[PDB]
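Have a look below at one chain only, the form solved without the partner chain, in structure tokens format.
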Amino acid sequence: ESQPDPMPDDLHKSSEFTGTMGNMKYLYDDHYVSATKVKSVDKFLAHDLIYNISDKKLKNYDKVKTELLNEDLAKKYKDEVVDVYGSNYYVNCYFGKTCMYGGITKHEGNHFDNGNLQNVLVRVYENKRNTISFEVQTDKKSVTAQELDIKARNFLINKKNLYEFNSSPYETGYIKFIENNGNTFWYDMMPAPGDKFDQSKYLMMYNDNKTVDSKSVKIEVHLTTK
């Protein structure tokens, strides 16, 4: 059922991407859509949903379209009261508007009990050594892996310069989720080889709206230096 771990050539190398890393940095550096108790208002394609969500911050949008893996996922959350969490983009976002993928969890029943926040531990591995470990927080029992990944990359951009404008001090990176039923999966942290980064295509991995149990999930960040 599990994703086999990275083989050595499954991982994007940053020295083979000659476009602008600030373009990856932007997707994770104090960057996210957040909405709570929202119900979808519209649809573009069969596998997406559109919500009246404004960024209260720098006022860039009052409508978020989220794209899912398929029509069934879309149908399923269409008339549900939901919280949204995800990384938005504007390039080739077509439908005051912004785009994203997945980020969707039902609101009813999905929160801890004394309004507590749950800590999820991230263990960071640099050239196969556990050098730093940190906690990220959510208030959702079933939280998207996108949410947690966003929060862990945000922290790593600050502490570790994970992504910089021109480069990354890292060659390879992957984030790995280990669920308490043994299931593992992982995302490639580095952009595809070449001179142009396509945010929309990068983010599209979050399509499947994967959620995990926040209280028992384990996250590992595996990085290798230049």
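Only residues modelled in both forms are compared. Rigid core: the largest C-alpha set superposing within 1.5 Å between the two forms. Numbering follows the first chain given and starts at 1. First, how it differs from the form deposited with the partner chain bound.
Taking 2 Å as the criterion, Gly109 does not count as shifted between the two forms: its C-alpha moves by less than this amount when the rigid core is aligned. Taking only residues common to both forms and fitting on the rigid core, the CA shifts of 2 Å or more between the two forms cluster into a single run of 3 or more residues at 113-115.
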Given for the second form:
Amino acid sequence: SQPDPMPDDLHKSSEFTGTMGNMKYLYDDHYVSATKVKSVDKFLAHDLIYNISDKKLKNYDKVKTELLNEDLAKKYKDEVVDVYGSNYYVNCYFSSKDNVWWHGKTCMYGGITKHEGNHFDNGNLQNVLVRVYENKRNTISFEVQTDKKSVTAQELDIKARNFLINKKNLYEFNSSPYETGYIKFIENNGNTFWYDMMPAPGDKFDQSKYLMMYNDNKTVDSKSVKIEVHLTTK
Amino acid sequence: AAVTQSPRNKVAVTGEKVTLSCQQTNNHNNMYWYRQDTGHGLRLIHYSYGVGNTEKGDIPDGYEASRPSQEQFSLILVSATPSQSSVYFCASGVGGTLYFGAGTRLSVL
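Provide the structure of the form deposited with the partner chain bound, given the form solved without the partner chain shown above.
Up next: the whole complex, starting with the chain shown before.
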């Protein structure tokens, strides 16, 4: 259980001088989602490939998800699963070793949950509350919904940030109205953990490497988990 | 055609939001938006290394950009100014080869 961050543990948007659009892009109504699927291929040992087609546009029919190591991949390799995460295209690589070089491809990290046993009845959705703090005062709270009993932290993070882009301009094209932000998860068993919401300093943003934190395929219990988003303004 | 720009000629008024679109057929990773003005070569505004990516060029100020698909790269003047009057050229490229569109002439009145 990691200590909460101090202001020196946190990326400042004011030190990022590239395009904050490339961070907004990963969160702004952007996700791969699939229900009741099974992996069809592998590229490297720690990854799995699924046949999932893009809904919104037609940017992909194949998705590769990378996990921590080969053991984690073997756990899920033959399993019927659901998928939810944030995908990227720059530096996304994988042989389809069939050529099939004419098929759209996309990549992501973790996002995998066993399907059987993980769903509610008759289309019911579990709410998860997100409380937001700006400059160390509660401002608003909102709910996000998921269809999973055990849900990746990644799915919830994406839903939380999507809402905040639209409600709070969390990320804009050029910069952010916030200087720092982290999203903090609190499990009923007392375990906490957090993700920095701001890009590393400098004039470039590496989407793949930012998303790689979802590597661990970390799941929380939707019924009981708590979430806080902590922001300071510019 | 490798590269197509839409529209080819446009009139706008100060403060209008103007979007210029460019479609390529080559599935190149890289796309570019430039403006051509007197006393300058083509100056790079934003470019893109692939879907979901855009990067500022030498004169990004008072423009945004969007790369929603391999084929599409848009340039967005979010509140147009007389100085944004220009001829704008989209390119796709691979290695040292650039494939230009025919140009879009924009008057901001």
